[PDB]
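Next up is a structure, given as structure tokens.
Selected chains from the complex are presented in situ; the others are not included.
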Amino acid sequence: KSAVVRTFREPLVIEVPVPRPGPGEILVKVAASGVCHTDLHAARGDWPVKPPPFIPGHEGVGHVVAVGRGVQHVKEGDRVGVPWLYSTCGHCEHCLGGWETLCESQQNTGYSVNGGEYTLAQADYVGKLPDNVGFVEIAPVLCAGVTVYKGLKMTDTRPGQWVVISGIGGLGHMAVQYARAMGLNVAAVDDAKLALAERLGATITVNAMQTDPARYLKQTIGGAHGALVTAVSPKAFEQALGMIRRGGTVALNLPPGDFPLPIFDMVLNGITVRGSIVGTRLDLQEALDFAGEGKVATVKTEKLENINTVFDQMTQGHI
Amino acid sequence: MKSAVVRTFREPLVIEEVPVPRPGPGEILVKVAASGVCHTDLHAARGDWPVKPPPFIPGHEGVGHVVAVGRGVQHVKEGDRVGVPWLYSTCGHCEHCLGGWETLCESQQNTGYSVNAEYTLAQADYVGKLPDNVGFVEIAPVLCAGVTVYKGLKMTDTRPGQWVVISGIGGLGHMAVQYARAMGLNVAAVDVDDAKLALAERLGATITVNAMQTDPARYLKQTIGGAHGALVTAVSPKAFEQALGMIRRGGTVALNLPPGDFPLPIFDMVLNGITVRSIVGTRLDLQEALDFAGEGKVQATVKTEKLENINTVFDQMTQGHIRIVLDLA
């Protein structure tokens, strides 16, 4: 029994048979799936790329139960997980160039497949988890952690520089942990989440309600090298745009709004604006290595029965 | 010596005789032979910016002969063919300066803006040694146009053998085509004037497309499958959305300065992982562009004018019929 979406904007229905795996495929008993905004947003079905009934979740981890034909590397019982990436075309320039996250023919778990008691995934797109970190602990890495690490690595930032993380959400606190493990200096925007970040290794904290972030960073850091925007809102977007020094990189981690962007201030200051959706297998494995090295989350455990309500809570903003 | 100056903003420049000052330590006085015209010049004359400049001698695109050297000058001799770029001087202390990114120096002094024809003074370490075989009018438009284009191409993270679009073949457009072809790339032209399109095809453009006749985004997505880089010379909302759409997943938009806040759908960018970025290049950039011009791989097409008809030229710029260079000879 699993939760499935029959129709969009309609509550998920709770028994389906666990299908047999074909050649080069894997059936994995789910131990803990993670909740993403991608999940809710797929559930509403309001996206240009729309997902027949299917099962959400791209953040599932567990034990290997069934292997397909031709499986030689993954053994039955390995602690592994299934990321947003289900499968790529392996033929496009992105795929063949270690940029498979941009494959046009990518199949995404929970969208183009039945995402995360047993889930089927291709053996070459599953992540080997560390042998000493609980499955609930590795859960946010399948989407949040790896996207953060991909953005941070895409912020063209050398160790020992300054980076802003706008909005300390789940992605926020993972981003702080990772940047500190990457050997950078960090700054962010709830005063309690600020305090949590300061305890996490944030060298600077600033509430945008109390004071102005741009002037502060311009009088203390002289502009930051990178800005990782977890919570993309117009206010935090202008703030990010301003908080960066000349030539710095603003990384974006997906509301449907068209945001005004000054073509003057950027060209003058040479600010580069990147966007990062999810990391690759390599990124995923490194993020897992950083988690297993104990350098990196705080999540709340819930039951399948409470899945629908959680989505409602997500719409209310109480999370 | 008589020179044109801005007495007041939005007011025609007065041609008034001005004294040629004496160069101090580390300064050089240079006979101007030909200055080049940028939209930066007109826009500085109107002074319509939070960073406003009076009275100031315009032009950041002047070239000529070394006449007077300062005290302590050892490398540049009296009589060298040199030019003076948009960069007049930097602070040499900020991390941009010390990191070979001096074009981003907070305390940069800009020629024709923060400083002042016939004879101009410049700091000896911010002047570009031009090639000894290319005419002064020919190398003149590179000081801003050429080097900014070359810095944008270098800023597009594009390896040789890939595809790049040039939205609007202006002066900067044809300079960009020449430079990208000398860089060993594949190019496309979105200029809306079929005659400029034909000129680009004659320059080495593998693809040409008028945005009025057909849609560029679908065309490039059905032929090239999206381009790796997009260098926007003429930044307009129409050319901006088409530029955004012309890029393949993971590509870079290079922008070369309208006062509008442009809407951008951040969903399509983050989803496709598109990167959006070069006002002027550094000394290195300038020298490299000059080497490419002296190798005859980049030849510009300019219109020569007299100093007296400057205001008329600005009027033409505002009128939109317009690269132009003034010839002292």
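Should a chain be cited, it is by its letter among A and B, assigned in written order, with residues numbered from 1 in that chain.
Criterion: a contact is a pair of C-beta atoms (placed from the backbone, for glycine too) under 8 Å apart; a residue touches a chain by one contact, two chains touch by 3 or more.
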Overall copies of the shared sequence [whole complex; 2 in view]:
4
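In the analysis below, only the chains that are shown with their structure count from here on.
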Note: subunit B sits from subunit A at a C-alpha centroid distance in Å of 40
Subunit B-touching residues of subunit A, taken from the complex the two chains share:
94, 99, 101-102, 104, 232, 237, 246-247, 252-264, 266-277
